[PDB]
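The chain that follows stands alone, in the form deposited without the partner chain, written as structure tokens.
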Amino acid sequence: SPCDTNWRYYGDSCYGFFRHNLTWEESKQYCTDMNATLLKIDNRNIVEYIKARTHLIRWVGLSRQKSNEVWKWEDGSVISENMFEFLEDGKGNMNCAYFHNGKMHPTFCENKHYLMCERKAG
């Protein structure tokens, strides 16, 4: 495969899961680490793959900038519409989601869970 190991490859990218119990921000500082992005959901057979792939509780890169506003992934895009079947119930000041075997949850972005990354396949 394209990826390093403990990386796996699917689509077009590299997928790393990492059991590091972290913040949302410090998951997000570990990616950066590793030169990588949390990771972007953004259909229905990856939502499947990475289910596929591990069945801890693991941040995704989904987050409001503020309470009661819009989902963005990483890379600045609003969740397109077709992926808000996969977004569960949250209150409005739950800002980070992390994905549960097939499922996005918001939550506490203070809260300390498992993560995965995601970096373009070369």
Contents of the next structure:
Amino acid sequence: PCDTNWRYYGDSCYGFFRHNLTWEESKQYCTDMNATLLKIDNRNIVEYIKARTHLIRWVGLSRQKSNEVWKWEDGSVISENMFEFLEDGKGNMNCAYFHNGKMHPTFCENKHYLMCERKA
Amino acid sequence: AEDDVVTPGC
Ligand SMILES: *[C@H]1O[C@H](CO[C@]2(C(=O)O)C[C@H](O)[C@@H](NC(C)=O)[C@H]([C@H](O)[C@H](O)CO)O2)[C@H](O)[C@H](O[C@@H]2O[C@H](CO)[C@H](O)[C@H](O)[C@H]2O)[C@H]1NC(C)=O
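Beyond the form deposited without the partner chain, can we have the form solved in complex with the partner chain?
Zooming out: every chain and molecule, the one shown earlier first.
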């Protein structure tokens, strides 16, 4: 169901990548792989990813401006019951990564490792 | 699993 070395979980296939990229570069990277940055929209996926990696990795969450809503790459706003997992940030930290079970806003132009998602 | 993957040179 998944390309070689992509991990089969729930609906989807997950790829992990240790290239130090900005959020936008990471978005493009996933797009180049016919995939998207991760949507961490429930407790199950939090635990799956947490069990698998301890390194900071970008996810597909960003906001247009510090006073606008956080959205996933699919256009959806972050779910109510996932706010527990989102730490607060400063202004002009408009992109988020996942680290050891929580999501953290940071500078979009900082570089981090990443992971991508596509359908099986 | 994902973090310590050591890959051979080509
Ligand atoms: C062998 O590849 C590794 C990168 O490994 C991974 C990664 O990015 O973490 C392992 C992932 O599971 C795999 N993901 C998928 C979906 O398959 C990815 C993926 O194959 C690539 O990212 C796509 O480009 O690969 C290193 O790149 C490694 O290079 C060596 O890295 C060392 C520390 O990581 C150190 O920097 C070495 O000097 C460097 O050469 C590569 N091995 C070699 C010898 O080139």
